[PDB]
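Asker: Construct the complete structure from the given sequences, taking the supplied hints into account.
Take a look at the letters that make up each chain.
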Amino acid sequence: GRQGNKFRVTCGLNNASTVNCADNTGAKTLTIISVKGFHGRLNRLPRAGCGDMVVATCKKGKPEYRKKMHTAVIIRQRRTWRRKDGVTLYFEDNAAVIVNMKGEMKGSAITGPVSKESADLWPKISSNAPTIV
Amino acid sequence: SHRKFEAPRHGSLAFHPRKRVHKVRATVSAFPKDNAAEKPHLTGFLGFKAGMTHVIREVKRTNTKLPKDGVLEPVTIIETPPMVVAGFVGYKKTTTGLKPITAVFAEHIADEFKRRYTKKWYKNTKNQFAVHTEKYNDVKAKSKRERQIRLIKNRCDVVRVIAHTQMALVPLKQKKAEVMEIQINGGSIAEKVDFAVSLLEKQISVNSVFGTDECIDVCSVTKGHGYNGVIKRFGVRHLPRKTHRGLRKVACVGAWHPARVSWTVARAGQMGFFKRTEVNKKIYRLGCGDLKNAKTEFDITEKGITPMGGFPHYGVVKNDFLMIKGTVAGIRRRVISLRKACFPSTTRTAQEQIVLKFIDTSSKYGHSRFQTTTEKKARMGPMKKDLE
Amino acid sequence: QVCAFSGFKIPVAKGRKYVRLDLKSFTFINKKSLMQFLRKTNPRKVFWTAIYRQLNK
Amino acid sequence: XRXXXXXXXXXXXX
RNA sequence: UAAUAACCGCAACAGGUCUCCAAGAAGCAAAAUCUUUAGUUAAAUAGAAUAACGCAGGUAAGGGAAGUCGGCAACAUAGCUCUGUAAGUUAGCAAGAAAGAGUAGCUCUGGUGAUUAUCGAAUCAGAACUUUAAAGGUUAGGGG
RNA sequence: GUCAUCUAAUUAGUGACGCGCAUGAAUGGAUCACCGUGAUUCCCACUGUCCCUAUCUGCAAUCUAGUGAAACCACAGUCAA
RNA sequence: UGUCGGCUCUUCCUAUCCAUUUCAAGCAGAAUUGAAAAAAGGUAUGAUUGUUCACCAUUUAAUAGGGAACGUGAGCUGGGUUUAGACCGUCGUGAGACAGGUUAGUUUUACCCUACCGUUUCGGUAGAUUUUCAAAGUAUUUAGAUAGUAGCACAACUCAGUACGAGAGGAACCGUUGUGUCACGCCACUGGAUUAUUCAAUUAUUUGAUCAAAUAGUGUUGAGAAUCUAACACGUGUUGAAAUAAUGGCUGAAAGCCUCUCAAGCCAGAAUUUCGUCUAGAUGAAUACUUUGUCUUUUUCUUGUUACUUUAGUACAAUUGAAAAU
RNA sequence: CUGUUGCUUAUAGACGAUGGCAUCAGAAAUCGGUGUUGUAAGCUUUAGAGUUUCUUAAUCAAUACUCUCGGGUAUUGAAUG
RNA sequence: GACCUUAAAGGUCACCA
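Residue numbers (the deposited numbering), protein chains in the order written: chain lX, 8 to 140; chain lE, 2 to 389; chain lZ, 6 to 62; chain ls, 1 to 14.
Zero decoy hints are in this set.
Result set (DSS-like, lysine-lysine): computed pairs, CA atoms no more than 30 Å apart in a straight line:
#	chain 1	residue 1	chain 2	residue 2
1	lZ	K36	lE	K69
2	lZ	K29	lX	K131
3	lZ	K22	lX	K43
4	lE	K69	lZ	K14
Source of the hints: derived by calculation from the structure; they are not laboratory data.
Answerer: In structure tokens form, the structure reads like this:
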């Protein structure tokens, strides 16, 4: 469901990295299991940056979301990444929103800023984002 | 048995053995293939790396998602004062490769060129080219020169001009020149020698050799590092912390029964002073004539290419220079052998027009804030000194 | 751009932007300014800041 | 089965 | 002499061998750290350069055991005061459970006596102001 | 072993079932409060264990002046078949 | 002859999992299935187990199978197995046994030869005599027998909801733009280390106090230039010609017809080969200067080389050796 | 010619090697540029919460104002003269 | 698999590495 390409965004989120859920779906935190499109290497852990659709499990939330495997998109990250126009930028916390394969967000609202890279990749996230940074 | 999991080998077998070069200058292994349907022209030059800075360039490629306000890219500065052509040599194609037939030199030769032929100049008698210069206008010696010109026109295929730098125009402490042979690509050998003869004793500026937005190949010697271990030289995996006798080494150096260590294993040794050729490097600014400054069509303030406080470990650039996109092999003050591309790049990015919007000239030490010292004083204002 | 703590003019292609969860984003000129900002230090009480020099004289 | 080890000391009384 | 050179270990061996006397700071403390009286500056050689690989001591962006047989190693908690403290239980404990807050400097205020107005003790509590917001130099529990 | 639970995933742990190769009552049976430089599993916190390596210091190693051993040694020391 | 597995690393096989090129299908499209050329390049992350093996959860273009003393312990580890302590079950009268289970159990030496990786020193290639020449010494500019070899893969836009198909569904070639990895580099911007014990602050002790320090083997904390460096920053490897393999064909006999040829002769066709390009490199060549012009041997000076010095000997211009192709 | 030697020499480096200069050589200060930290020491702002001695004089006082965009450091592997 | 016993069925052994 993603539209277009994404430039180089350094991936600061690993396997077993706990992020927050900015949705209103009753899931609090997710831990990344593996990253869609990740090209494997020996002893390398899967890596995710902004706008990267990951496969994550919810270890904290309401019972219909806990102890299950969902699909999310990283909207912000604490790792410092550089834009193509010489802008160096980083957020306050790692957050994600639950989307399906077709790319529509399960929730209805997003809390906090949403990075441009994830907003342009997924048109559904940008519509429900408060601000795009 | 088979290795449990597969992974690419560490290090390239194309650069084996890793032997450090002996001379700072790097000789180009080849020149662009000659075409006989064009005017004679030089196919190379030589400059000294001054440093690096960054620029903001306006994107001219269409059908791209790059920002419309510019893209931040690095640029390497190569100061290239004019060369002096002090001779030429003709090469003949035999059944064992090119063979230099004769070399014809000019009447007047600079002491920078003469210093190459000694090893202790301060003790030498400095009688280089003395007999050649003194008897240059003799009737016998002149006749010999005409034969050399006619021999090349008859039994030669490749003509190169022996050009040497003028080290008095650069902040380097070295006084001995740097000599480079620049092949002449163009018309027939008849008009190639005529072009070479015209260039004798003259000066060739880099603007005549290279154009604008032209991708070139650069050959230079990298930055030395000395004896280095396996981790740095090749990039093997560091061993677990529990390991006896050390962590930064290759655990297994071969199986039992090839009975010998293979050349393909990663062994500790010398990393550093190697010769490397990098192709398809774009010229961003041809710093000759009017473009010798650092101003742009958008930023109109007048400033030179040298950052405040001079280039680190180099000095001040006041001659012609080239702005090359990205990185080239070698530290500051290194000698770089430029060359026209052997395989001309035909990609859309190669033919893209370069329009600079801002060239950074802040100090390359610390976290600088100002572009010129005049605007540093204006912002800061008068201080305790100067006002007292 | 102007630094959030020091108030200096940020040179192009220099500095880091920081975004908080309250939709407010700041840009700084170096790690010296950014560290002071995260320690809740008032630029008015820091002698070298451009904020301080405007307040006094 | 096959074991493995060793050590000793003394080295006469020179 | 009575021991990092006089004793026992092949020796001027980082091992071992019973006792007496015992200053200041700081602190609950014969603790760590620094100093006075006394002792010594030599105790199996040094100088230059500052490669790899080491032994000893360290730090590190983002992630946080995904490494591994296994949180091995290291990180982390750490003093004192006040609030608070569960299941279980041999009813004694668990318990410093767990968890939270305070702590600096300076200028002051008050309580605790002796002797019959003068003299004296470190201890506790409280209040304004200031700053780089305070056990942490050293010493100093990870918890369930 | 079968059923639950712990995990995204459990030859591990825990709670149950029991025709138990070959449990069982001073060869002591069942039970655990406090205790343990005992064996095992799971959480929180923390981190170079790891992604993936970078870098700093002292002492060596390197070179030199003086001094100066030992293990080992049929003869020796380039490969393929 | 140190006996399992794992970790690290290199190479080799093809009975090939992916990528490339083809043929066949009960191949309409998509997804597939069988086979040929081809081994140059890739082939992952975790829960449980010491495990090899296995079974699950993911991801990927694919997560193929194997060898090298069942590769690899003076490479690591010591989980298992496999001494000596201890416990249980069964067996034995007993000492004790158990491919029955559990727990704790020292992993020594390279300074030798070679191999490999780097790095020095000395030696050096035979047949030209147009003095505008020939040779030796020193130095630069070049040269290139040989050896290695490097770039791969994926995604998005358009093609296009088009071809095909009743519908459901549903492509590809050119072109454009990015990402990941590998290799080579590099210090501008971003980040990290920091004994410039830089600047500042501050706890304890000592200088009578202030200043200024010292001590706590770098007291500690904040910022911190330089240098080094990123899996954390960023550049290049989008690159050109010819011949090919499997296969598809052209002309065309054998064999009056047919036939791509177990015939002669050609064309198209691969992540293929060779040029071209990159790295190391042998005998070499040109030029500058110093010489010598029939020649060396043995001594001898120099750090070393050439020229050079002395005593003798030797030769002295003049008929050699070319068709090519079939 | 070449090597040693010197620049406690660098674009180099374990040692050799490699690269540059060697009297228009070299080295060193100082000065300017350029960076880093954060406003030196001495005296002055009822500064200043309050205290004491006076009897509106002083004294003590964390911290704080002006001189002060100050002071200090800056090649050691930075750039000029 | 080997030994034994019953009217196919059982029972004991199957060890050191």
